[PDB]
Amino acid sequence: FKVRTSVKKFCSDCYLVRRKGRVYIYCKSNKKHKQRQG
Amino acid sequence: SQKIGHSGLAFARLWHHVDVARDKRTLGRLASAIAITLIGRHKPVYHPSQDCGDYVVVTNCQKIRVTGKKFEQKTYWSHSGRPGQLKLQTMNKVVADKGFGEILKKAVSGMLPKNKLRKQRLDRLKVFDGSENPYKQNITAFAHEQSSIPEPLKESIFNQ
Amino acid sequence: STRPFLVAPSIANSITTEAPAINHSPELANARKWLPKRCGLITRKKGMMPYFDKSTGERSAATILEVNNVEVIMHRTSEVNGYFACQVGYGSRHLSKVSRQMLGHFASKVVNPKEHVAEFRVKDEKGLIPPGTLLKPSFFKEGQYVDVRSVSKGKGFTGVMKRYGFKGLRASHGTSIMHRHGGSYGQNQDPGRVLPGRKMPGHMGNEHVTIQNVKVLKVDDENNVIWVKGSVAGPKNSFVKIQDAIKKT
Amino acid sequence: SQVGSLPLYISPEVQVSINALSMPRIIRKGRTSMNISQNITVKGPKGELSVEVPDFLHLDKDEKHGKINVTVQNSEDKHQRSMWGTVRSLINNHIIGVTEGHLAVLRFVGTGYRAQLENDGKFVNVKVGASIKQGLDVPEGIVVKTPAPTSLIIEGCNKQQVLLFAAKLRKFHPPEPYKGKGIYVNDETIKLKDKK
Amino acid sequence: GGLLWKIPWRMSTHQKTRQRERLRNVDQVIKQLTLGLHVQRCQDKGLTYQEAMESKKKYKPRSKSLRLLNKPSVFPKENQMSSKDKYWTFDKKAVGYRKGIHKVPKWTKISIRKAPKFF
RNA sequence: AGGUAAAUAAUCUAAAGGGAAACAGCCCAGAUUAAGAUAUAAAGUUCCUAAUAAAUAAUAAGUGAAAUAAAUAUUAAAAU
RNA sequence: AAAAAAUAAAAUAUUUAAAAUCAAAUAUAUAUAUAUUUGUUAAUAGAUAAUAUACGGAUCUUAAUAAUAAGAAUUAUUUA
RNA sequence: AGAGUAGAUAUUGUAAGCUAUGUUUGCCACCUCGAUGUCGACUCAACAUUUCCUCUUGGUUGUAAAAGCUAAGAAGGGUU
RNA sequence: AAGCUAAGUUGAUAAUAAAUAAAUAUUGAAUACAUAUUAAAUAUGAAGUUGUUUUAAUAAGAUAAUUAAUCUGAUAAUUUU
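Protein chains in written order, with the UniProt record's numbering: chain A, 56 to 93; chain B, 2 to 161; chain C, 21 to 269; chain D, 17 to 212; chain E, 13 to 131.
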């Protein structure tokens, strides 16, 4: 997980999710693309 | 001239029931309503120098309304004086410890005026999570109201 | 025939609902508690002496706890008292010493005027012993573990070196008039006062002390004593509770 | 909306009923609310199971062609519309389970990686590289069976419950990337890394 | 900024209502001034007070300041004014180039209706 | 920068009162002595704490509710 | 694939505006001529120190069934 | 941007940009300038968390394993 | 010798369990898909939390006696745990 203020989806296989009052970006292909909005 | 007469009934401490299951007010609004009663602002004989407020029995306090996510967010604080002893409890935790009646009492305490009579006023509030309570028998009642209530229920209440 | 009474509609017509159970209730607390499944017995710490294990040869210091007239006076129950416990009484006392009220209590419970009374809290109603019975050292098994409560030796008004193991100031190198007066209390300015629980000189000892997981080395009903491995809090002739260890089985 | 509008086909053996609850409960959001009143049931050959559902939703049972429909009192209400697609899908899943039955194959991959039924079906013992023994009890409704040691099958009427159980089982050792090695639920895949 | 001038960045509802009332009062004052002048001019020409009040053709004020006040482009009425210009002054050094009117000193007396065209 | 250098206005200085939780300078307003009925100002009117009820939006975050923290990201919303 | 059709629920953006245009209104001649005025985004994240939580405090977002009875006490624009 | 075999975002991150902080070097003179606690040691610690270790966990062609690297939660305990 | 001591002796790090942070999930629409929920259901998961444990403080409650040829204390004497 890259915890950061900015949370953009990198590849096409990335998908944005809204859980626990935080924007997560998970990804099905590349595991490096996992991000979390703060 | 207006003041002269028998004042004993005016200064009589009545007992006011509030079935929280029936009442549609939220917690804080209910607490505010109670506070006035406890002070004795409702009655025209009131004076700031004299404590002349009524008893308030709250019942079925488990069914109290709380808006938003305050039940799992709202934190009640406490502190002895020794640093590193700030005790912060969420509303649900406080309820689990004591009850919804404790929560109501805290609200009512905060509503009340900060002086030597405050504690007395707080004491007059009698809160109960469920229905059954000892003060059942002493809530203000009238003979004209008796027809509304069924026959055996009254007897059962009296027995209780 | 019937008495006059009026009843409010609001209290009569109120739909019946049971209150939810609260954590700060007795019954919840009882449920939470970590308790032994069996009663205990009061003893006196008579002294201390060596215990030689005859197989291995190992020597162990053992305290001799004497068991005299130890008797279940009465017991407490959840429905009446909020918890399950056995009121045990130790020893024998004169009439002269005991209060009239206490004598009457003992007569009611049908025991002799007692030297020391104490409760022994238990988990269930099964743990309660029938009242009036005599508890002997054979209660405990040899090799079993027990918790041990008693009031420690009084040490009097002690300093911070003895109380709290404070290092104190130096012996030489200029040190003036404060070699043992542990210094620096309530920080400075930031608190503006001595913060509560600041370790200071004061009275020490003569407080209760539980000692957990002590091994019952030896039990004998002949001499009326329980041998117990190691130390026990308090002076000689001090009363000592003994119950099964909650931690060790 | 697009999901909830799709009509559900029923075979004569299965019956989709609906009726009010004994004690309806109300879900209270910040602004909106949602009162769970009705209780749909899907009785069939393999078993029977139920869905507690809001008041605004209601079925529309047709005798002809074995179809039933589901509709809400206000489709323009967002929460209701969201519920509608869920409930229909849930009752479809139930129908599938009662008529056919839901299935979850777990294939174990690794040297000495395998499952075993320890308590006559009631406890799936799983051995997946651990000194301590691992496993968990099968829930009610779930039936487990092991054609091979390294290939377990979970079976049940509730699609939710079976697949949750499978996921739990997997969680002891999910597939590693370096060697395709662990517990694979159904058609699960993993991109294997280069060894180097 | 150790001294605490605890002034809120925006106004309350009651404050806004009072401001509106004040704005309305100044417009009323202006109207009265114009009306009285008109009446006086009618009297000079030779009508009674009532007749002057009735008159269809109302006389516009000849003095400059009054005439400017009458114009809504220069001095707008409260009903004419924008929501923003009732409750927000132009302040070039503020972010947004805007500042609450309540932050202006003596805002209860001092009038300020017109802000710049795009600020 | 509660800075510093003047300019201008006001208050303070030398001004009691109401408001701004508390408050030299801000918002009102100027005590001759009362009194307390009538207008009010500034500010407020669930409670503490004098005193209210409405419309219409929008918010769900306790954002917020008298001391507005940013570039940027996200999710929405209109419009073209 | 999939359209009672657009009138409205597609994508790709730009946009976040009453300048312009449009609507509403004032003002002049007035059977509607000009000029002036008014009308265009929301929430979350970002968020961050040291005696103790601190909107001044309580506390405030409402729910048919069901009380004489609640339903902001927040924000935006207004009424009495 | 540029490293990072091959790839800006495994790890790396210039110049500029936006904040925070209120520890330091300043800056201001607003405190008393009858505040040594005179700057270091000792005694004693309290508190923060912006986590060093310890517990949980994401990523880590730069996780085979083990070491690690990096990030999240986390201040209970401990940190010569 | 005692006493007290620590160089010595003994004990203990207080379970279980409850909900959880981060994090990992199931079914699943809104939004054909997809999505662990900032929908409804459904799961895990921390030396943290709540408890527990221990110490002290209090005194709900309990059993017992009730004007005393021996009531409960206190002063006094002899001492010490």
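Don't read these hints as lab results, they were simulated from the structure.
Cβ atoms here follow ideal geometry from the backbone N, Cα and C, with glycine treated the same way.
Hints may contain errors.
27 Å max Cα-Cα, derived DSS-like pairs, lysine-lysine [what the hints assert, rightly or not]:
| hint | chain 1 | residue 1 | chain 2 | residue 2 |
| --- | --- | --- | --- | --- |
| 1 | B | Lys44 | B | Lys75 |
| 2 | D | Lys45 | A | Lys64 |
| 3 | E | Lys43 | E | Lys18 |
| 4 | A | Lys87 | D | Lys94 |
| 5 | A | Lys89 | D | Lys62 |
| 6 | D | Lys207 | A | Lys87 |
| 7 | B | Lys115 | E | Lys43 |
| 8 | D | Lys209 | D | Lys187 |
| 9 | A | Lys89 | D | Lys187 |
| 10 | A | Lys83 | D | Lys207 |
| 11 | C | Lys219 | B | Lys94 |
| 12 | A | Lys75 | D | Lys211 |
| 13 | C | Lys74 | B | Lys88 |
| 14 | D | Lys45 | A | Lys83 |
| 15 | D | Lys184 | A | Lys86 |
| 16 | B | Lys75 | D | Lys184 |
| 17 | A | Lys87 | D | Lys184 |
| 18 | A | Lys75 | D | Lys212 |
| 19 | C | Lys53 | B | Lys99 |
| 20 | D | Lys45 | A | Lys86 |
| 21 | D | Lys212 | A | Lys83 |
| 22 | B | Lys94 | D | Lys45 |
| 23 | A | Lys57 | D | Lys209 |
| 24 | B | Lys115 | A | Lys75 |
| 25 | D | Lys59 | A | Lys87 |
| 26 | A | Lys75 | B | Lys107 |
| 27 | D | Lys211 | A | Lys83 |
| 28 | E | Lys111 | E | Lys18 |
| 29 | B | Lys99 | D | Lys197 |
| 30 | A | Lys86 | D | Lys207 |
| 31 | A | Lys83 | D | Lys184 |
| 32 | B | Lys71 | D | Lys94 |
| 33 | A | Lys87 | D | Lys212 |
To give an idea of the interface, some chain C residues facing chain B are shown, with a C-beta separation under 10 Å as derived from the structure [what the hints assert, rightly or not]:
| hint | residue |
| --- | --- |
| 34 | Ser21 |
| 35 | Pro46 |
| 36 | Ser75 |
| 37 | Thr76 |
| 38 | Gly77 |
| 39 | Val137 |
How the hints compare with the structure:
1. B:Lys44 / B:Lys75: 34 Å, violated
2. D:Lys45 / A:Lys64: Distance of about 30 Å is beyond 27 Å: violated.
3. E:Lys43 / E:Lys18: With Cα atoms ~38 Å apart, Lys43 (chain E) and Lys18 (chain E) exceed 27 Å; violated.
4. A:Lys87 / D:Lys94: With a Cα-Cα distance of about 35 Å, the restraint between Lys87 (chain A) and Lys94 (chain D) is violated, given a limit of 27 Å.
5. A:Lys89 / D:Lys62: 42 Å, violated
6. D:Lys207 / A:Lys87: Within the cut-off at roughly 14 Å; holds.
7. B:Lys115 / E:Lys43: Outside the cut-off at roughly 52 Å; violated.
8. D:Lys209 / D:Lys187: 21 Å, holds
9. A:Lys89 / D:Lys187: Distance ~20 Å between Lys89 (chain A) and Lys187 (chain D) Cα, so the pair holds.
10. A:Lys83 / D:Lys207: OK: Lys83 (chain A) and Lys207 (chain D) at ~11 Å, within 27 Å.
11. C:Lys219 / B:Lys94: It is violated: about 33 Å lies between the C-alpha atoms, which goes past 27 Å.
12. A:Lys75 / D:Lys211: Not satisfied, since the Cα-Cα distance of roughly 38 Å exceeds 27 Å.
13. C:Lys74 / B:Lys88: 56 Å, violated
14. D:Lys45 / A:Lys83: Violated, at roughly 32 Å.
15. D:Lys184 / A:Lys86: Within the cut-off at roughly 22 Å; holds.
16. B:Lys75 / D:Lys184: 34 Å, violated
17. A:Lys87 / D:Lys184: Holds. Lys87 (chain A) to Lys184 (chain D) sits at ~25 Å (cutoff 27 Å).
18. A:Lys75 / D:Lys212: At roughly 39 Å apart (the allowed maximum being 27 Å), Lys212 (chain D) and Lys75 (chain A) break the hint.
19. C:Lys53 / B:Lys99: 18 Å, holds
20. D:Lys45 / A:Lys86: 35 Å, violated
21. D:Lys212 / A:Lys83: 24 Å, holds
22. B:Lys94 / D:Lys45: Holds: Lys94 (chain B) and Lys45 (chain D) sit about 20 Å apart, inside 27 Å.
23. A:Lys57 / D:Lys209: Within the cut-off at roughly 22 Å; holds.
24. B:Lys115 / A:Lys75: 40 Å, violated
25. D:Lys59 / A:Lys87: 47 Å, violated
26. A:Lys75 / B:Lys107: It is violated: about 30 Å lies between the C-alpha atoms, which goes past 27 Å.
27. D:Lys211 / A:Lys83: Measuring from Cα to Cα gives roughly 21 Å; hence the hint holds.
28. E:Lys111 / E:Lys18: 16 Å, holds
29. B:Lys99 / D:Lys197: 51 Å, violated
30. A:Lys86 / D:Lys207: 11 Å, holds
31. A:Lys83 / D:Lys184: Holds, at about 20 Å.
32. B:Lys71 / D:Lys94: 24 Å, holds
33. A:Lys87 / D:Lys212: 20 Å, holds
34. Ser21: With Cβ-Cβ at 13 Å, over 10 Å, it is violated.
35. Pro46: 13 Å, violated
36. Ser75: 52 Å, violated
37. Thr76: 49 Å, violated
38. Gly77: 51 Å, violated
39. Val137: For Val137 (chain C), the interface hint is violated, since the closest Cβ of chain B sits about 33 Å away, which is over 10 Å.
Violation of the numbered hints given earlier is confined to hints 1, 2, 3, 4, 5, 7, 11, 12, 13, 14, 16, 18, 20, 24, 25, 26, 29, 34, 35, 36, 37, 38, 39; the remaining hints are satisfied by the structure.
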